[PDB]
2 protein chains.
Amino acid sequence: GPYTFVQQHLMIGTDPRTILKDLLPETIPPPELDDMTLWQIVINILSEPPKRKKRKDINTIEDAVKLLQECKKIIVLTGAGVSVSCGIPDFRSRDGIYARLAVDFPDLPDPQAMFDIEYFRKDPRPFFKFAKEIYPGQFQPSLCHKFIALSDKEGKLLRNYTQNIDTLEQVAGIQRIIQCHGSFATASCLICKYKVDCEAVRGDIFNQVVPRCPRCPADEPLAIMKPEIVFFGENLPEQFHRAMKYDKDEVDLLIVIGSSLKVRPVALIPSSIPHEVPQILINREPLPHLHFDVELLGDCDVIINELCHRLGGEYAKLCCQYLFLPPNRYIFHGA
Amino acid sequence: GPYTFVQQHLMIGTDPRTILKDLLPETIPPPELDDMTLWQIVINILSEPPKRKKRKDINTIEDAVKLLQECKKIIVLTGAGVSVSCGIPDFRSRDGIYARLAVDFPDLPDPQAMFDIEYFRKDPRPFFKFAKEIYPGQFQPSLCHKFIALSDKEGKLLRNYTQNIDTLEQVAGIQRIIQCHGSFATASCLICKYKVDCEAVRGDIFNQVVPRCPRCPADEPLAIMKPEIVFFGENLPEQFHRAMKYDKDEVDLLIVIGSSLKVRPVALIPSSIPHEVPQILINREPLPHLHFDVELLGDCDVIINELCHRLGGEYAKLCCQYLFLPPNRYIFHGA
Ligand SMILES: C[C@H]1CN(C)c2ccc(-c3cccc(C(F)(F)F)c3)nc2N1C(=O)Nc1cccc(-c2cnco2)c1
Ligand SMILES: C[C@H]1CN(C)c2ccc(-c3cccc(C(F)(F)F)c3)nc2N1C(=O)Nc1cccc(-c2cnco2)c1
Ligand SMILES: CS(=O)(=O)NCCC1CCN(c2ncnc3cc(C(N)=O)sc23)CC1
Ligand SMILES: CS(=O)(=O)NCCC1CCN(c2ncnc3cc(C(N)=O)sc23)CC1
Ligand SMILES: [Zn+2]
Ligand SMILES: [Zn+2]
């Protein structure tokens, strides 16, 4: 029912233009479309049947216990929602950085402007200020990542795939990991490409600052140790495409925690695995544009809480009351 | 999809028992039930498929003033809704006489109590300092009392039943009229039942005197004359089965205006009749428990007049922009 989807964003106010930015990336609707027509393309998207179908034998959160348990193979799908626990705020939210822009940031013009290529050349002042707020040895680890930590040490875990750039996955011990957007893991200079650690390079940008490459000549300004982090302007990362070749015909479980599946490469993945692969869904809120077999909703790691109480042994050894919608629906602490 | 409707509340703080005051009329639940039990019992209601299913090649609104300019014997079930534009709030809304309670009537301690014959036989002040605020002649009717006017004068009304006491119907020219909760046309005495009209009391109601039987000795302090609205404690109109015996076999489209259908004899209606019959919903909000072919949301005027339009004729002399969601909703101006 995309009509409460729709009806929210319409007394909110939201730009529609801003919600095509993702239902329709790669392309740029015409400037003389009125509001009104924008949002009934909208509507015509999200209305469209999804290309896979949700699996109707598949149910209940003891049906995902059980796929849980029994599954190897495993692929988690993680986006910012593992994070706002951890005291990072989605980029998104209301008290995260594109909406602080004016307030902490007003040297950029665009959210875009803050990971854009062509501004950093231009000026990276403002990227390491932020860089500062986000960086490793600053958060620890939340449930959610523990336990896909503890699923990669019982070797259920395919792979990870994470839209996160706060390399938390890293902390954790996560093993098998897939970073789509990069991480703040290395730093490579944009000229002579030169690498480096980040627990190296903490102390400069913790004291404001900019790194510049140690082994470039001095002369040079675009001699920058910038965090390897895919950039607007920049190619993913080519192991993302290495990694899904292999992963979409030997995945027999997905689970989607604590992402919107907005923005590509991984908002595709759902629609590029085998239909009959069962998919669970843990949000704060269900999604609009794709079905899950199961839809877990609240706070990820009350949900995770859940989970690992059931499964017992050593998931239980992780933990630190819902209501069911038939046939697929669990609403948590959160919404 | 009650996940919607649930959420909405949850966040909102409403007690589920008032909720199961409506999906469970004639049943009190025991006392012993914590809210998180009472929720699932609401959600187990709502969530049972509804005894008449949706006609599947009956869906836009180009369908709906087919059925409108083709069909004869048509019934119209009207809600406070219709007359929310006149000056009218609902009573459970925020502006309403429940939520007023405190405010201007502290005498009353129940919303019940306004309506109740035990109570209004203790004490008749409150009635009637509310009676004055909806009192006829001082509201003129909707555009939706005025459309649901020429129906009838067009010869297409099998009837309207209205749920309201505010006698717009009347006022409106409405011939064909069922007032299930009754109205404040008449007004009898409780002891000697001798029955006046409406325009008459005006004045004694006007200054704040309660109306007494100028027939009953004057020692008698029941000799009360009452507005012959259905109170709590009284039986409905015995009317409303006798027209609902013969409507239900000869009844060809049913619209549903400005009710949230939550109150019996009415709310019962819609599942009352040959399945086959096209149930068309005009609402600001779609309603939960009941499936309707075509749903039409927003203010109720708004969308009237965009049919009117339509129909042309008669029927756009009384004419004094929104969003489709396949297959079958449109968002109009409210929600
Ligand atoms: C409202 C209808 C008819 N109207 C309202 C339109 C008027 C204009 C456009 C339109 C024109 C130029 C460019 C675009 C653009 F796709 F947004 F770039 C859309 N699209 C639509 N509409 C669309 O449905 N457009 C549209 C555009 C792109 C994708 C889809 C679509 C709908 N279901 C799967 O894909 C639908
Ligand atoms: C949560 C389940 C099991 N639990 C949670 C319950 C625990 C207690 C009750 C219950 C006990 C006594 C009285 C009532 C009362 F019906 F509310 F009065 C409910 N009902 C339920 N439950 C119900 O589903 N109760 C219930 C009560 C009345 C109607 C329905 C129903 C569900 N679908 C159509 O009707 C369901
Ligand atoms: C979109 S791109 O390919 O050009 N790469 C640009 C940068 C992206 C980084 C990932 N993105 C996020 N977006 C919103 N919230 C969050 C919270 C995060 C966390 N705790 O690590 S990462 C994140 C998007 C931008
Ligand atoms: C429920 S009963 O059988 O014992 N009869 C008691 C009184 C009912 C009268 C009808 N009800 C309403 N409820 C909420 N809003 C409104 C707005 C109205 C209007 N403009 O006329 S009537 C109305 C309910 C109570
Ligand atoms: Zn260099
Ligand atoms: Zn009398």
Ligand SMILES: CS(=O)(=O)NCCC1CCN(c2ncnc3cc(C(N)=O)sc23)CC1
Contents of the next structure:
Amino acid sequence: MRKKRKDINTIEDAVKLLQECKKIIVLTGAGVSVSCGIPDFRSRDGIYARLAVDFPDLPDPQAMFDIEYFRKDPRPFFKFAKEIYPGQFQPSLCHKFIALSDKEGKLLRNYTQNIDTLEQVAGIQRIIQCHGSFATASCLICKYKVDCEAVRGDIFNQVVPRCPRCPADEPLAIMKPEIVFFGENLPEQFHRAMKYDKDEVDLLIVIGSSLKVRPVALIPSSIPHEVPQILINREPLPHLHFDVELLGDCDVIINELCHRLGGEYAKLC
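Now show me the form solved without this ligand; what you just gave was the form deposited with this ligand bound.
What comes next is one chain alone, with no partners or other molecules.
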């Protein structure tokens, strides 16, 4: 278990670390998207309420992320996919901050739990979407891969996107966006990245996540104890020992940090 470093405490300390460290890992949760104006999709009232009147077969919001229900009726998922699809919402200040840090080469990796795909829109290249995203779509059968744009037309017109390779008389020959559905396994890319990034990171920043769900929750405990860990979240996380606790709205705190960093970061305000 990691003990909190006694020599790293202040927001000035965090600012200096942000200036000196060159291989930063940023863990982001739902907190970096709350200002983007995205309707919730994990409860009621949420998107499930509007989908209940259209698709009376949905037992719960979680069903649209279940592979078995998806095979029976993929339509309610694709109506959800249309509402959250990339390009419809603007990335928050937190995304822009991470994107700039990647442009300057200071970003080792951004591990996120979000599926809103705002990282790609923001121009962040070194991303790892642990729960997947709409970045790519893949056929359920022949595993043919296409870009996000290749299925934008169908999803927008509420037509279930079909696979061009598989036979046209094939029922389940449909392009499913690479969101990690229930039961499915984490992409191989994640574990290779985490295995070696952990021995490469010099600074860990957590932004807007409670760190209660796997596999992102396990990351802070898997990196060497000497690496500084900064928390940027609305609530403290008692089950962890962060060196710096910046508590409050993520956009507010990031804005403050950008002000203190100056340079290209200040121009983000």
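Just so we're on the same page, rigid core means the largest C-alpha set that superposes within 1.5 Å between forms. Positions refer to the first chain, counted from 1.
With the two forms fitted on their core, the C-alpha shifts between these two forms stay under 2 Å for all of 174, 97, 244, 180 except 97. Once both forms are fitted on their rigid core, the CA atom of residue 129 lies 2 Å or more apart between these two forms.
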